[PDB]
Structures are given as structure tokens and as C-alpha cells.
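Quick setup: one chain, the form solved without the partner chain, written in C-alpha cells, and binding and motion questions come after.
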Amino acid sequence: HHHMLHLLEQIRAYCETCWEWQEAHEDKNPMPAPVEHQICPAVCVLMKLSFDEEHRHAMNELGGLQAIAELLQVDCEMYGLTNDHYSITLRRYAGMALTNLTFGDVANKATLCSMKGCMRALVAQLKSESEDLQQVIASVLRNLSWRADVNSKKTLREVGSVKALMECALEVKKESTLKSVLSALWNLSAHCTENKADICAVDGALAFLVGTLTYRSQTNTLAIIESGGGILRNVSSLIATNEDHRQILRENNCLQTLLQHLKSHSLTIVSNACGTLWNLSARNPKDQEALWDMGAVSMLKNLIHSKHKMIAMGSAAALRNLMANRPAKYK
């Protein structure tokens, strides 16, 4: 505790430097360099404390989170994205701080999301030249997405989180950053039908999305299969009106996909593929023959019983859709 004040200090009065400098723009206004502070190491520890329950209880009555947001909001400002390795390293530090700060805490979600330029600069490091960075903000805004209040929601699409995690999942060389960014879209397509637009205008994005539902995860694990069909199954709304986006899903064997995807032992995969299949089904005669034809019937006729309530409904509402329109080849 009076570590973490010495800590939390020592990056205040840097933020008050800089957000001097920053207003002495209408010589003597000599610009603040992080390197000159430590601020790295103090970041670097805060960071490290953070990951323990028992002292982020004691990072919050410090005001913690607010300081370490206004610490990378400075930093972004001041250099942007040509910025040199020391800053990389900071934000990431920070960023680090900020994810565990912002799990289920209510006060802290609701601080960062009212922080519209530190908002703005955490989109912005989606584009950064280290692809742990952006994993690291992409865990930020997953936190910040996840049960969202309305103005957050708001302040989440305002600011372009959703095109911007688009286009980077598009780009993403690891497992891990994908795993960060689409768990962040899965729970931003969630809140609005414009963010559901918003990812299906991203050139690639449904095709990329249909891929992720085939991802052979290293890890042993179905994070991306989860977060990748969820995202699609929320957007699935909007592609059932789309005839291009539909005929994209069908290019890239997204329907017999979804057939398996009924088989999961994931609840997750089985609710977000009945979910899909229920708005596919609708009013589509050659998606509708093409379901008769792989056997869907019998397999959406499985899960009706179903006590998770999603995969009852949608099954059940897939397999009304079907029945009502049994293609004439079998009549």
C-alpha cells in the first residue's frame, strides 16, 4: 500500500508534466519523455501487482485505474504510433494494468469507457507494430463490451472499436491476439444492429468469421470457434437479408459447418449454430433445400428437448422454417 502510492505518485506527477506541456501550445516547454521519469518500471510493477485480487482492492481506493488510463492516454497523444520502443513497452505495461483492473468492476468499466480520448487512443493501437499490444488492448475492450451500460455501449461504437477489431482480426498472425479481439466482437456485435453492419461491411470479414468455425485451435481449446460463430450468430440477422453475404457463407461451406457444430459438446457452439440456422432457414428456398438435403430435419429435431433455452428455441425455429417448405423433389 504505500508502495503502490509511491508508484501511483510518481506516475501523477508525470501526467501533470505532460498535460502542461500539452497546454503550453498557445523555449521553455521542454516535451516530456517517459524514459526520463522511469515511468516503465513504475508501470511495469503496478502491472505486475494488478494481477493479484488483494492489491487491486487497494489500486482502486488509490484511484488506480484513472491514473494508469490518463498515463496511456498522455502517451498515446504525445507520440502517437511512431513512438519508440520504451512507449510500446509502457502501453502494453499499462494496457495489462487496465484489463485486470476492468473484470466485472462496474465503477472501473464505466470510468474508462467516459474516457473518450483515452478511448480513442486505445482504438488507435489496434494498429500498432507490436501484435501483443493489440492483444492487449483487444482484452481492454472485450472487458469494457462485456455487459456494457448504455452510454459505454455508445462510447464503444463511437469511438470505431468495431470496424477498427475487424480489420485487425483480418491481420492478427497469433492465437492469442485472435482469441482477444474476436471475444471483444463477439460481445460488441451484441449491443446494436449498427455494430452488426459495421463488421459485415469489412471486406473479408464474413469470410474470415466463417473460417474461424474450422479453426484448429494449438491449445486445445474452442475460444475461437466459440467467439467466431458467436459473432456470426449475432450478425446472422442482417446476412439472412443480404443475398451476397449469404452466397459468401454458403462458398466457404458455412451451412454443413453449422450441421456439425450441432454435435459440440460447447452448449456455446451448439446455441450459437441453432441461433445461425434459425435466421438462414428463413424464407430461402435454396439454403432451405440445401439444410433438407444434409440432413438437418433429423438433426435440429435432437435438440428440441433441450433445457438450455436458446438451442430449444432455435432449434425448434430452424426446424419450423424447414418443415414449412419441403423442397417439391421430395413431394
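Each form is matched to the other, and the largest set of C-alpha atoms that superpose within 1.5 Å is called the rigid core. Numbering follows the first chain given and starts at 1. Compared with the form solved in complex with the partner chain:
- Taking the core as reference between these two forms, the lone member of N83, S176, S130, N252 whose Cα moves by 2 Å or more is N83.
- With the core held fixed, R12 shows a CA shift below 2 Å between these two forms.
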Contents of the next structure:
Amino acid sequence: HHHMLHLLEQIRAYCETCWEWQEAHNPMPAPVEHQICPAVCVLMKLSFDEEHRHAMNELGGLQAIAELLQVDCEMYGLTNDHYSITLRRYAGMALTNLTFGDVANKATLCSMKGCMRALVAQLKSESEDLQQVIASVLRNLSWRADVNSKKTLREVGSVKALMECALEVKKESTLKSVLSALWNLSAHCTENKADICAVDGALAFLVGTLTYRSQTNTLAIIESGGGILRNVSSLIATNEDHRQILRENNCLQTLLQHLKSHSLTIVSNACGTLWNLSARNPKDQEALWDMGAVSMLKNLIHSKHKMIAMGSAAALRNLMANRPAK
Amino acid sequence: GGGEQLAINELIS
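Show the form solved in complex with the partner chain, please, because up to now only the form solved without the partner chain has appeared in this conversation.
Zooming out: every chain and molecule, the one shown earlier first.
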């Protein structure tokens, strides 16, 4: 409380010093010289506890921390020096925590356009740890986003930036965070689905995630990649160029194999993708028949899981109509 | 969906 007020006053003071410099541009303020990183570090730690977050919010923690992140990004840009990367990481982690389950904070952070642009820009940092933090913030912000937040997230180009980021990531942990954010964003509107589809090599990458080989033995990447694909497949359904990319990477074959999974999320995602792709395309309709999709989806209609019963029934009904010749 | 989460995955190992 007392220490929390002290740390936030330190951060606000530094921000004010930086805004004074920005307008005057008197030497450039360096974060090291003001011990700023230890300050956000402690605030990052405390923000994991619910009651500390409550105090932090009453002291305007979201404003101070978001504003610190923003100003450092504007001042130094995409720098590689350890101190600035670490500073931005801690700040972004605290913003992740402060936006978790907080309706007001999600909407407020989205309305801060300058900070939103700064966040999105950090996805092209060659620090994957930083990339992972930025994706985590965007994941929370896109979860149950109101009308205004949905618009803002779209306008700052967060969808394209995350998809482009995903193609370049070398670490599984960065990719988890990136795909989770995209999973949320891909459900927002048609424009967001189009932006994913329009990125060069993105659809092939997404089909690639369906057979991903996790060495942490998780299903996270298959689930989220398949989740994104399920969301965008409604757009793919009416686009022959997009269907062809899926055909070249054996997508339908994999989706059928996904109906055998023990993960209910994977089955659900597969059912939804097959639901979209079984509509209005004789070529893919025939292929699904040839692969035995009818009997496979027949097993899942009486499922106790709501989306599996619905998705599998919707797909089957699209196959029962549009019967290919025996 | 991807849901929401605390910054637990970003904690240093």
C-alpha cells in the first residue's frame, strides 16, 4: 500500500520527466538512472494477487504502467538493450494482470490509442519473451471486447501483426500466446477473419498447427490453431483460392482424424471447421464422402458436449443433402 | 476461444 504508492509515484514522476523532454525536443532521460525497472518489477509481482490489484486500481496503476510502456517505446523504439526489454516485459505483464477479468480496464486500455499502437509495434521486436508478453495483453483485451474495443483492436492492425509474428516465432511458448490472442480476435468480425486469410502463407501455417508436435507434451497449439481455423473457415468456405491451400496441405484428412481426439476442444474445433467446409462446394463434399465423414460424424451427434453435437449434426446435414453419385 | 489469463506463463523459469 505505502510501498505501492511509492512505486507508482516513481513511475508517474518518470513519465512526467519524459513528457517534458518530448515536448522540448536538456538530456534524454534514461530509465536506468531513475531505477524504473525495479519499480515495475515489484508492481508486476504484486499484480498477481487479487487484493493488491484492487489497491493498484484505486491508485491508477493501469494509467501509470501503460503510460510508462508507451513513452519508453516512443523514446527508444525497437531497441535490444536488456534494460528496456525487461522494463517493457514487466510493464506488459502487469497490464496483463490488471486486464484479467476487469471489464473497465480492458475497455480503458483499448481507448488509449497511443499505448495500443506502441504495444502492437512491439510484436516485431527480436525479443520473443517481449513478443509473448504483448500477445498476452492482446489476448486479454480481445476476450469479451465491447463494441469500441473491437473497433480499436482492428484499427491498430493487431490481427495482421499477430499473424505475421506467428510465422516468425521460433519458441513454442511465444506461439501459444500469439495463437491464443488470434483465437479471440478471429471471432470478432469478418474483417478480422479476412485479415488472417490475406496474410501470405498464414492459412498453410494454420493447417500446419493441426499436426504440431509439442515437446512440452501439450495440445495447446493444436487447439488454438484449430480454433483460429474453425473461426476463419466460414470465410474459406466461399473462397476457392483459400480452399485450395487447405487441399494442398491435406486439411480435411487431418480434421477427420481430429474427430478421434480425446481433447473435447479439438473435436469441437474440427466439427465447426467441417460444418463450414461441408457447405456449397461439391469437390470438398465429395472428398468428405470418400473419406467416410458421414459415419464418423454420426458417432458424435448424440454427444453430451453441446458444440460437438451441434457442429457434427450441422456438418452431417450438409453432407446428407448434396449426395454424390455412388 | 483463447480465453483470458494472468501473466503466469511469462514468469521466468
